[PDB]
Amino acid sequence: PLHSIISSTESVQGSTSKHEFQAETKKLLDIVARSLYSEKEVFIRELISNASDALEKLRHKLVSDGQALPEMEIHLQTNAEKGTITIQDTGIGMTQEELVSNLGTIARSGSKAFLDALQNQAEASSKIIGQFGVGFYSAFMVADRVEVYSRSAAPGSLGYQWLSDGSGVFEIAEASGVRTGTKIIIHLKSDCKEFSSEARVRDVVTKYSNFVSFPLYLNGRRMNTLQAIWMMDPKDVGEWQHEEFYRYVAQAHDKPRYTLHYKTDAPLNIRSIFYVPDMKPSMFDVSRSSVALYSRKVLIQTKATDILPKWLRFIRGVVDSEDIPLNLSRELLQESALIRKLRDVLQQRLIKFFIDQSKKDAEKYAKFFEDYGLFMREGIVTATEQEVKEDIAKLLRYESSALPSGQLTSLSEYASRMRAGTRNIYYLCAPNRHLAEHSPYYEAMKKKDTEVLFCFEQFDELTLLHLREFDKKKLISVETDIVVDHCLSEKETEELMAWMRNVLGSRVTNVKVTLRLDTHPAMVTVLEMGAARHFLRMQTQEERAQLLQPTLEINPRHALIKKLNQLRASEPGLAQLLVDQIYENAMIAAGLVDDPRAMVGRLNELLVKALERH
């Protein structure tokens, strides 16, 4: 189907012209006011940012001159009956030239020109928000008529006025009585009268601009009353401010148990603070990042980016940066490379912080791991890189067989003093220390003088089998190692073997003899056990039986096995129930029984007919 008219036959003959790009202002205004912001409340944020920029410019101008500092405040006002919202400022202001150059031209901002002509861009380039030049036109999205009063702080400037309706035309006049600074008056739409209500405005202000750098008022009462401590050095801020900030951000009533104050500028500008709660995690904590992203003291509202890995969703705090790329809508540029490196840097720093906490305090870290271990266990099984899994795995605490009861140990220190020339790590799963010590599998391997890691928590064998390796060493379970490893008369032993294969033929594949058991009359061995256990309870005897191949062993030294001889010689019917009970007990001890409700009736029958002579 190769039919390509693509060629280079084109050739230029006529004289080349020369033109300049134009623009359609009405369509640009319509696009800005209709299809730019997904929410209608952002105009308050934009106006507050503009007021903050004006105040910052005035403050810098006065500081560079060494003059006295007047008051620097933002004043919001709402009039319910008139349906208007008013924001006042005490910044630099602007004359009619700046009025018609900035408010009359799309995508032109004087703040960028101010920053460029500063020659330092250190003291003030970190405190100016405006960079695009279209933020003022969001007021037309909720208004039908905008009215602005302003006058410059220069000694001899006069007031002015600025009216528009968002219809591609604006009129400028000269006004008297204007207070120095800038004042914006907004007349609201019919369908946007909700913004004349004090509660809605307060909610928006607290959601977006709580940490503005200047005092802010709404109808007369100050709303800041709280310093952004993440911008200060740790040596200046006390613990009371830390706990109050944690109380504010976490919406809790307890104290933080861990506090990290992170400030870095080499790879990228990062100023963040992190908290770990004092209570235990709950159902909502497991349910679905609780960390707010900021940029020059303005919320970005990611709510989907998850700048922090999912398994770290239990920590709280704020993250602030100056170099994140944000689009024209003042939202994150989704899945940029900078975000993907910020996440890795932050998670590595958090891992390093958690590792160091163990050294300086052991009991507190043990309690924290007891509380928040499930998050680390989940983080093991969702990562992909082996290095990440090994980094997280250093936080796990286990109980070993070479140490006294009730004290923990780590994998790294487990590998410290293990056998000189064996690249193997052995772990056993049991609900208790008592069940781990007297487990048939542990007895079967107790001959070897190796240290076994007892793990009691749930979803732990799953974590080990997804880890598969630590410091280039294999993680081998005791159950697998037993099969990997390579009295009663023999005539009666073999005859009872034949009988057991006869009776338990359908459920059991093979029977063997074992001298490695001393306190358990039976044991069930499968070629693999951890994966079988995990698979069994996601999904009656048979359809589970051929999926396991339950090899069963017998202990000739046990008393019950010995008595089974003469209880079959005397009454085969009782032995019929006895062997089934032994098999059920062995399968229960192996941990392969999901719901043991089935065996209750047969156990009752065996008990009621076994001792009837007594």
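Note that the rigid core is defined as the largest set of C-alphas that superpose within 1.5 Å between two forms. Numbering follows the first chain given and starts at 1. Compared with the form deposited in another entry:
- The residue among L332, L308, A522, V319 whose Cα moves by 2 angstroms or more between these two forms, once the core is superposed, is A522.
- After superposing the rigid core, the C-alpha of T493 moves by 2 Å or more between these two forms.
- When two forms of a protein are overlaid on their rigid core, residues whose CA moves 2 Å or more are considered shifted, and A228 is not one of them between these two forms.
- Taking the rigid core as fixed, one finds a CA shift for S64 smaller than 2 Å between these two forms.
Counterpart to the form deposited in one PDB entry, namely the form deposited in another entry:
So it's only the chain below, everything else dropped.
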């Protein structure tokens, strides 16, 4: 069933004509005002941007000739009674020809011509936002009437008037009393009157245009009050400025424990600033990137592209980049190659910065780790490439047996002090270092003369098993090492073995004797012990025993096992409770108990009849 109608039989017959592409301006205005911007409030964000652009242009016109610089400010006025919003700038302005060519032509931007006329592309090319030519028409999203008083900064220009109802036709005229620059009056729509309120305009400006290059006033009072410290050199910004900027961006009243100021240009233009907070991460921090994109000092509002890896969501800051590709809606182009390389560069930069911070201050980095280790663990368990795995794992800090309590150690320094030819890193998980030292697995492991890391946090063995390799050395837990590795009389021991296997057949698939234990009555070993511990939390007792294979081990030298010999015959009934309690204790010590609430009654009725002789 493979048939096609594709053929090359067609050919040109008549003389070829020639035509020029046209454009339906009415439908273009409809598209811009209805089906371009998801958020209705961006119209001022464009306009303010335009204002800044104009001012930037004026600065060039006052730098090339080297003359005096008058006041350069942007003004927002709100008239609830008239239902209007006014955006005024003292920038270059626009003449008759400039108003007709720029305002009257869709996708025609005077900024692009201005940038191409710089002949340097180093002063205003990085500070001009307008690049499409449709930003102004977003004003028609909310306005049934746009009224522009524009006059140029040229010595002898005239005030000019520009009315448009947004219906594909606009009128122009000569106006008197117009101040140098451009003042746009927007008459709000019936349903868009909410933009004729002080609070809404203030919210939008603090959402989009806080860090414009020029002072910005709303209804009379300046509302910027905070320069963008991510633009100048890191040496020129102080600790107080860093703290204030962190307080603004993170919406928190504390200070940043870590500050990074990255400024790179060889791979791509990145001016980023990041802060790791002093306070412990909050519950909101764990839930999902807390870093705001900026392009020419205006917000992008991605909120979905994740310019920063998810595990690095605990840091707060900004990223500025003039190279990112923006769509017509002035939003980030999803799944862009440039944004992916930006994310990778930022991730590697932050990993390197954390490594240098660890080298610089041991105690401060130890505090940072005990605060934010869950994020690095999540990054390890969620990464794909082994290089990223190792880079994040270099940030881990686990205290080991070879060092005193409370002295955390890295994986790299642990590997730097192993034996000559052992490619094995051993880790043991316990709630506390005291239990780790007194863990049955560690006591069995004491036969081997090696150093073992101690893990106390949740999802830590899971992190180590996901890492699975560091510095070309395999990661094997103590339980896994015990499994993979290959008093009482013999007759009494064997008969006790048979009795326990008979009375624990359903729950234990194999019982054996371990002479490596000294202070623990019993041990539980599993093939994939680390994987089993995590799987048990994801998915009566025989149900888990089927897929767990709880290999039980007993120590004949322990007091309970020794007393079991007389407890099996004198009162065989209590011996069943005793061995069940020993099995449950070994289960709990192994971490293979979903909830110990079931064994409480068994333990209580063991205690009531165990010490009744007293």
